[PDB]
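S.K.: The chain contents come next:
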Amino acid sequence: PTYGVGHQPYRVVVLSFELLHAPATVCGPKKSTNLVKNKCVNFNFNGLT
Amino acid sequence: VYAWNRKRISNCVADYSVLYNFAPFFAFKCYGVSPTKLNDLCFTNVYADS
Amino acid sequence: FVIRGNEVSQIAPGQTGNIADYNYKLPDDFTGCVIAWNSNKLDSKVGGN
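These protein sequence lines are chains A, B and C, in that order.
For what it's worth, PDB author numbering labels the leading residue of the first sequence as 499, then goes sequentially.
For what it's worth, PDB author numbering labels the leading residue of the second sequence as 350, then goes sequentially.
For what it's worth, PDB author numbering labels the leading residue of the third sequence as 400, then goes sequentially.
Honestly, the hints are just simulated from the structure, not real lab data.
Check each hint, because a few of them may be wrong.
In silico SDA-like links for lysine to any residue, alpha-carbon gap of 25 Å or less [as the list claims (entries may be wrong)]:
1) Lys378/B - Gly504/A
2) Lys444/C - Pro373/B
3) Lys356/B - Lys378/B
Here are some chain C residues pointing at chain B (derived, C-beta under 8 Å) [as the list claims (entries may be wrong)]:
4) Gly404
5) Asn405
6) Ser408
7) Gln414
8) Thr415
9) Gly416
Backbone N, C-alpha and C define an ideal beta-carbon position, used for all residues, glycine too.
Assemble the whole structure, with the sequences as input and the hints as a guide.
M.R.: Below, the structure is given as structure tokens:
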């Protein structure tokens with residue numbers, strides 16, 4: 499505890515994300531709406547806008 | 350700061366990985382070079398201003 | 400993991416050093432986040448931990 503701040507311990511957590519093309523399993527709390535076809539709309543498929 | 354000490358360092362082999370042990374500082378900030386590439390390249394002389 | 404304060408900058412893509420070379424190496428195409436916080440009140444004891 500008597501060392502300087504440069505030698506103090508630091509806890510490190512590294513969160514690595516996966517941009518794969520497999521079906522997504524970890525998705526955020528954003529709710530999903532219904533599906534509309536044959537109409538000019540904005541779409542958001544698994545973060546693909 | 351108005352009488353900063355200048356020391357000339359020459360004719361020696363410099364290992365820059367011991368300054369972390371010497372002093373408790375976070376970042377070894379450098380401007381013209383990178384902190385991790387200071388053992389490959391080498392200069393003529395180096396001056397330390399304290 | 401837990402490291403020193405001097406070795407926090409080594410946990411990054413494209414970084415070389417003692418930790419990044421012998422303990423934990425990150426990919427150069429890394430896509431993720433790094434979190435580091437001081438733990439001087441948890442990982443430090445008098446006489447050495």
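S.K.: Was the hint right that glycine 404/C lines chain B, CB cutoff 8 Å?
M.R.: Holds - the Cβ of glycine 404/C comes within 8 Å of chain B, reaching about 6 Å at its closest.
S.K.: Holds or violated: is the Cβ of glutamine 414/C closer than 8 Å to a Cβ in chain B?
M.R.: 7 Å, holds
S.K.: Between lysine 444/C and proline 373/B, does the CA-CA distance stay at or below 25 Å?
M.R.: 18 Å, holds
S.K.: Is it true that the CA of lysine 356/B sits at most 25 Å from the CA of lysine 378/B?
M.R.: Roughly 20 Å between the alpha carbons, so the hint for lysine 356/B and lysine 378/B holds.
S.K.: Taking the least C-beta to C-beta distance, is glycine 416/C closer than 8 Å to chain B?
M.R.: For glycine 416/C, the interface hint holds, since the closest Cβ of chain B sits about 6 Å away, which is under 8 Å.
S.K.: Could you check if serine 408/C really has its C-beta closer than 8 Å to a C-beta on chain B?
M.R.: 7 Å, holds
S.K.: Using the nearest Cβ pair, does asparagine 405/C come within less than 8 Å of chain B?
M.R.: 4 Å, holds
S.K.: Please check whether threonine 415/C passes as an interface residue: C-beta within 8 Å of a C-beta belonging to chain B.
M.R.: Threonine 415/C check passes; min Cβ-Cβ to chain B is 5 Å, inside 8 Å.
S.K.: Given the hint that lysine 378/B pairs with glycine 504/A, does the C-alpha gap stay at or below 25 Å?
M.R.: Given that 25 Å is the threshold and the Cα spacing comes to 14 Å, the pair holds.
Consistency note: the structure conflicts with none of the earlier hints.
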